[PDB]
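There is one chain below, alone, in C-alpha cells, taken in the form deposited in one PDB entry.
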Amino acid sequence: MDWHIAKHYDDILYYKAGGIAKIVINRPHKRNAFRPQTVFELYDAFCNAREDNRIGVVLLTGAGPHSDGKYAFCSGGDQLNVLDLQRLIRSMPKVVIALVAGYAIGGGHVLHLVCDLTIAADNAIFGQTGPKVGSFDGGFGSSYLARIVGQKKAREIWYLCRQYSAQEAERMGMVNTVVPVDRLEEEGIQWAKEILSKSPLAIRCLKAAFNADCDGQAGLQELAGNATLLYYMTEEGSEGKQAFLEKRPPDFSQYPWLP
C-alpha cells in the first residue's frame, strides 16, 4: 500500500500505512548488519509502533537488493544493546512479522526468531555464526530456538554454523511460509491484514500467553498485566475508579463469587 514515512533515521527506514508499520534495516552495503546506532534506531522505531494506537502489526525487513544483486535481512553485529531490542520485540503487544529475503545470519538470525512470525522469500538463507566468528547467543538465540525447532536441530544450528535454505527453515518449523522474492512484501501485507481484522485485546493476551510458556515470572507479568487491563474495562473494575471520583469507599458487595 501507499506507505508514508513515519520517522527519519540514519540506518533504518520507517513507514506506516493504516494499521501496519514497516521497519526496514537500511545498511545494504554491510549486508544489513547492525551497529550500535542501528540498534538504537530499531528500538526507537519499535517503541513508536508500540505507542501508536492505530498500529497492530509491524513488518520487519532488510532493504534489498544491494548493488551486488544480493539480498540481506540482517547479518548480525557489524564488525541499549541487541538484548534490549530482543526484549522489546518479544514483549510488545503488537504482532511482529519478519520478512526475510536473503541472509538472516548471526544476530540477524536471532532477530528473526524473536519476531512472532517469519515469512521467507525463496532466496532466504538462515543460520548462526557465533562459534565461527567469536560470539554466542545463549539467551533467546538458544532456548527459544529450541522451542521452535526442537533440541536436536537447535544444537545442530549452533554447533556447526551451517546455512539453511528457506525450504529447510520452513520444514524445521522456524519459518511460517515461503513465497517468491517478488511476492514477499505482498504476503506480509496480507498476513498483517488478516491479523488487523482480529480483536486487539485477544491478540495481545495470546502473545503474552505464549511468552508465559518461556519467560517465567516475566511472562506472568505480561499475562497478569493484561488481566489487570481487562479488569479496568469491566463494570466491577470501574467501581474503584468511580467510587473515588465521588469520594466514597469502593463497594464490591453486589458482585458474585463466580465458580
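Numbering follows the first chain given and starts at 1. Between two forms, the rigid core is the largest collection of C-alphas that superpose within 1.5 Å. What changes on going to the form deposited in another entry:
For residue 250, a C-alpha deviation of 2 angstroms or more is recorded between these two forms after rigid-core alignment. With the core held fixed, the Cα of residue 18 is displaced between these two forms by less than 2 Å.
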Contents of the next structure:
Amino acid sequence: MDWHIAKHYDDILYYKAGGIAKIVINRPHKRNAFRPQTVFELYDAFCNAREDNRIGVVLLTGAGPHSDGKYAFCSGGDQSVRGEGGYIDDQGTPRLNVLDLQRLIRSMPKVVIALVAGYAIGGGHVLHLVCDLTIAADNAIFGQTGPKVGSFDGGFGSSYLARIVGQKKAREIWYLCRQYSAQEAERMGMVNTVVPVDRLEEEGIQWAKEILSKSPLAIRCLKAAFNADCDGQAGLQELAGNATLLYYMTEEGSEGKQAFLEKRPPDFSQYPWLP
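With the form deposited in one PDB entry done, generate the form deposited in another entry in the same format.
All you get below is the one chain by itself.
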C-alpha cells in the first residue's frame, strides 16, 4: 500500500493511506520500550488521527525486525529512565503519562488495531489490550512482568483484561508473569486472529478496509457502547454524547436552537411523544 509520511517524530513513525493511519513504535534497541517522549509522540499521533476526518482506522505496531532478528510490538515502560514515583522525562518530572494514552486510544471514535509481531510485554501488553482489536503474527509473545520488575497496572491492565479473558486467566497472567504464544493468546480470547509474520500488515489493512466501508456513526456509537459496559459515568458520557450528536442533526432539536436565537418560545407541538 502507498504509505505517505504524515509527521516526523524522534521515537515513532507515522503514516497515512486512504482511511487508514499507521503508527509505529520505533525504539527497537529497547524492544520498543516507551519513554515519556515516546508517549507524548504517540499521544500526538493518535490525536492527529482523531482530528483527521478521512481516517477511520489506526493500525498500531512495533518497528522490526531488529538487528538481532527479533520482533517486538512494545516492551512497556523504559526501565532505564525509571526513578522515584514514575518515568523521568527530559525535564526531571516523574510521569505515568501512558495512562493518558490508554484513555485516548480507548475513547477516540476511530477503531484502533494492534498488530503484534514478537513481544507485547508489560505496558506494551496493556497497550495491545486497550486497542479495540488485536491481530497477532504467529511469532507473537504476550505477557505481563510487573510483579517481577516492581510494577503493576491495576487499571485497564487488570480489570479490562478480565473482561477479555475472564478472571481466572487474567490473574494467572499477572501473578506468574509467564509468556504466552499467539495461539494461546487467541484461545484465551485476547487476540482476534493469528497470521504469519509476513502477512501481518496485509491482514491489518484488510480488516481496516472492512471497517472503512461501514457507517462512521454506527461505529463510533458501538465503540462508546462497549466502553459504557466498563467505564461507568465516563462511559455514559461517550454514549450519551453520541446521542446528543445525533440529536443535533434533527429538525426537532434545531427548533429549540432557532427559538432561542430568534428570542421566541420554541414550538415543539407538532412533534409526538413516541412510545
